[PDB]
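Asker: Listed here are the chains, written in short residue letters.
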Amino acid sequence: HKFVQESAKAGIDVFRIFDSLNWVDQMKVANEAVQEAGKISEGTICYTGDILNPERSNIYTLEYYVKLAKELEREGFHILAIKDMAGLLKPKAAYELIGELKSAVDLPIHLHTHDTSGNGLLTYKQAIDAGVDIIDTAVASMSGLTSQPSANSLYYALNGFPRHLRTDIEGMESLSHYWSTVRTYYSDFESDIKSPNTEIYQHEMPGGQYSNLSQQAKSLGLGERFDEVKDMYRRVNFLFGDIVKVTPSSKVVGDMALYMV
Amino acid sequence: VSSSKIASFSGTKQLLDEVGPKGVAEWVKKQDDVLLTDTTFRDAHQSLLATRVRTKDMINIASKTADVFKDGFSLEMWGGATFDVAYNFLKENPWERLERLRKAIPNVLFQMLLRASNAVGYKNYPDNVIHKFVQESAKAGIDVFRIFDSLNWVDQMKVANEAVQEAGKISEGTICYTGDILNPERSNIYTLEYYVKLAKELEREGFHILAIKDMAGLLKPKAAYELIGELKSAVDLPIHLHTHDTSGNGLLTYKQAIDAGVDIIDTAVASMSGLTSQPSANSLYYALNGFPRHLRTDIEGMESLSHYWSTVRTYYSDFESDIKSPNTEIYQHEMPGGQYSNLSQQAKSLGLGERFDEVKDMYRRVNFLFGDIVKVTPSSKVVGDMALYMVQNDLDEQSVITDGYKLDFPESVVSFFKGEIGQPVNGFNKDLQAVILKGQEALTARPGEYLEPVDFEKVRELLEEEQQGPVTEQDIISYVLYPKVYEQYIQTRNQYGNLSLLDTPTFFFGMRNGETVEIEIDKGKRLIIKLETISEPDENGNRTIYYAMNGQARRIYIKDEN
Amino acid sequence: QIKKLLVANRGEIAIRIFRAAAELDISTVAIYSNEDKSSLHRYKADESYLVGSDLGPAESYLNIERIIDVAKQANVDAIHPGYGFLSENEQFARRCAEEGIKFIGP
Ligand SMILES: [Mn+2]
Ligand SMILES: [Mn+2]
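Residue numbers (PDB author numbering), protein chains in the order written: chain D, 660 to 717, 717A, 718 to 763, 765 to 849, 852 to 922; chain A, 532 to 538, 538A to 538B, 539 to 717, 717A, 718 to 763, 765 to 849, 852 to 1093; chain C, 36 to 141.
For the record, the hints were derived by calculation from the structure and aren't laboratory data.
For every residue, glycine included, the Cβ atom is placed at its ideal position computed from N, Cα and C.
You may find that some hints are simply not true.
[Claimed, not checked] Per label pair, the in silico range of CB-to-CB distance:
(1) C/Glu94 - D/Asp888: 27 to 37 Å
(2) D/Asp672 - A/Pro713: 37 to 47 Å
(3) D/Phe820 - A/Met1042: 53 to 63 Å
(4) A/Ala1084 - C/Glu94: 26 to 36 Å
(5) D/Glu695 - A/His836: 50 to 60 Å
(6) C/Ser73 - A/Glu983: 58 to 68 Å
(7) D/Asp847 - A/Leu1058: 51 to 61 Å
(8) A/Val724 - D/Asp672: 48 to 58 Å
(9) D/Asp903 - A/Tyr651: 55 to 65 Å
(10) D/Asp903 - C/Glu94: 19 to 29 Å
[Claimed, not checked] Here are the simulated EDC-like pairs of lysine to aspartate or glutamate, each with C-alpha atoms no more than 20 Å apart in a straight line:
(11) A/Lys1056 - C/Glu82
(12) A/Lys760 - A/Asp788
(13) A/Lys1061 - C/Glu70
(14) C/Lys107 - A/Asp1053
(15) A/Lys599 - A/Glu829
Here chain D stands alone, though its shape is the one from the complex:
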């Protein structure tokens, strides 16, 4: 409550509230705080599994996300947020999921993915066909791979289609040119992830991790057999009942995975 109080006073208007395990019960305190500040609170569902594949999960099915949305809408969130933290929301599934959610709650919908599969723009392209309200994007030179899709590419990807992406591309290019140079100052901190990686569709590590669980693996003896660390990562996750993996639940599955190999 203090933190939300000072944060709201300091400048911050929209609190995207998420729970590592989609446990709605836990989102109640931050929520009340925000409302008291009279600021905007987005209730967030974190995505896992694959609504397209009926043998991926008995649990994280499309009825599961709807029921949740409706649950959050009952709690008085202003905006529903889809946090696709691992880049797992496939283009087709984006279409069904956003479609289903729209006609099952009146909250506007705010979608956030990662381009780590190389399919994030499609995933937006589709989310938009289905009627998403807001999407997170990044300036071209600060985007793609484990970041968000480039707003600049998205701007043009939508030429010819019904819905427009409301923004200033001339200015965007200027901004992107800026962050090109600026990003050069940070080069000692770049990841090695230099291309798309579809294996996320098996292991599900959220944004960073895979690249930081790979240092780790290598500090230990494991370096020459991330082949196992990843494989176990999947299995630990099933061993733990099939869990949502963000911070810190994802640290958990990570550590256990190292431990076990």
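With chain D held as given, fit chains A and C with the ligands onto it using these hints.
Answerer: Showing chains A and C with the ligands alone in chain D's frame:
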């Protein structure tokens, strides 16, 4: 994958044999899944690594590749810069690369990119050169020549096409995409109508497959839908689409084409994919889950190829471009592949580094000044050179005509207006052309018709005199296409042996004190070499390497350059 | 009428056979294990192959089935077993007949 299992596979190579080209094409239109062509051995590294990837790296995965792409359409693995860059910087015979791959991968069509006018070379050649080179090519394993012309000038295509029908291989005829069919303001000339007309013509010249070479990733998503829509309905050729991912919109483009019913697309494995390379086949594969059509391939295999190439790429970090994020200004200037970067390694390299925002602009302006052309090789070099020249010389659109009489326009542009790259869609503006050639007549006919057929026989006697005794027909057209370079390939080989046999790290860095490398020379003949020490230089700068090589102490003397 | 010969053995006896072979004008082929990468005989033949990159120490000159596979792959005509590995092994000389490879012994 064992060589014996591979023997057991029957893919599209087999199918060409069984039913011919005519028949392969029909079979394509039959299939429902999207067929794919891999560009990892060619376009993908041409874009991302200066075409430096070496034979040895490709032969090592040849056999895992033949398995993974068991059901793909072709492997693009020759043509483009590869011919020149292999002889020249890599100092290895492209022909051996083809030969060796061919045996390693016997089940999948081999594809190369043929330049309608001059194949693979660097100037203009008489036609019997084009023919010889295509004859020997098809003799060595190529099954699909994708013939494109750098100004979409159908006429210059007829000859390389004639050469392909003669070897009864597949002939892929290529439209190059420019402008923006979604946007009526962009061109009065490059409009859905132009492509359809231009596709029908190609069908009549009798090509088996119609290919769209979106060489600058200009082909937006909706536009691909529209464009492939109309094409699939104005012609009965299968359609084979090639984009680059340089806008960031490539998968989207492909996903769009697929819906319109494209037949084959060009893709690369994830780790050699992206940005100015092809879209990532891995990514597309999953992207399609849930929609009607699906990519025909082996992901679990592909994820494995991806991992290989991820590591091998490392061996080449010295040739990575600085392109590291997608770039949508490519829609204003239409610079193909590298150029956007390359042209920049040029504009600082004579002091307009601080005004590249002007150069990219002049590039756009010079294009229209040339009446709005198709910008691939070498036509893209011409535009690039004007752009430089004009900024450097405080030049504008009106003053290129005023001051023309006393301006040295670059050889690339005088040569363009001379008819020598070929004939631009729209023709030449007369008053610009005049100021540029200062009298010189222009060709009135494809630059080809003009030239004495080469005497292949004077060449043999020249090459047999110079070298050993055994000179092949590949030695001959290699000489013809690249005289100065081929001569040099041969100095090196004589001096240093067959370098293509080395592993890439040793090719590029040598050895470190203590290290033991092995080179596989022939079957069951290998060299085991250990570098023991290099001494300190002597009176006149000649260091003494202490090696062991096959249970034999050895001493080599090398000139240091302090 | 022997053109290609393969010595199923290592060390001095192998070098001895190559020397005879040489003088009879017969291409040789040597086999080695992981730990003979550097054994002299390895370098004395025209060709040389590793038996069982999978396999171990002195149970690598003892693998009938792999050696015969190396032999077939080099289009081998005879195998000379030297002494004290497969030289007396009844089973080995038989799988040699079967495969077309003349076993140089009784
Ligand atoms: Mn995020
Ligand atoms: Mn290309």
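Asker: All hints, please: hold or fail.
Answerer: Cross-check of the supplied hints:
no.	hint	result
1	C/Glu94 - D/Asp888: 27 to 37 Å	29 Å, holds
2	D/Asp672 - A/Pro713: 37 to 47 Å	42 Å, holds
3	D/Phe820 - A/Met1042: 53 to 63 Å	57 Å, holds
4	A/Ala1084 - C/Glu94: 26 to 36 Å	33 Å, holds
5	D/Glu695 - A/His836: 50 to 60 Å	52 Å, holds
6	C/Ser73 - A/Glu983: 58 to 68 Å	59 Å, holds
7	D/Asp847 - A/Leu1058: 51 to 61 Å	40 Å, violated
8	A/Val724 - D/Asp672: 48 to 58 Å	52 Å, holds
9	D/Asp903 - A/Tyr651: 55 to 65 Å	60 Å, holds
10	D/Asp903 - C/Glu94: 19 to 29 Å	47 Å, violated
11	A/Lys1056 - C/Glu82	5 Å, holds
12	A/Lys760 - A/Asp788	12 Å, holds
13	A/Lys1061 - C/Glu70	17 Å, holds
14	C/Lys107 - A/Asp1053	17 Å, holds
15	A/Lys599 - A/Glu829	13 Å, holds
In the structure shown, a violation is registered for the earlier hints numbered 7, 10, in ascending order.
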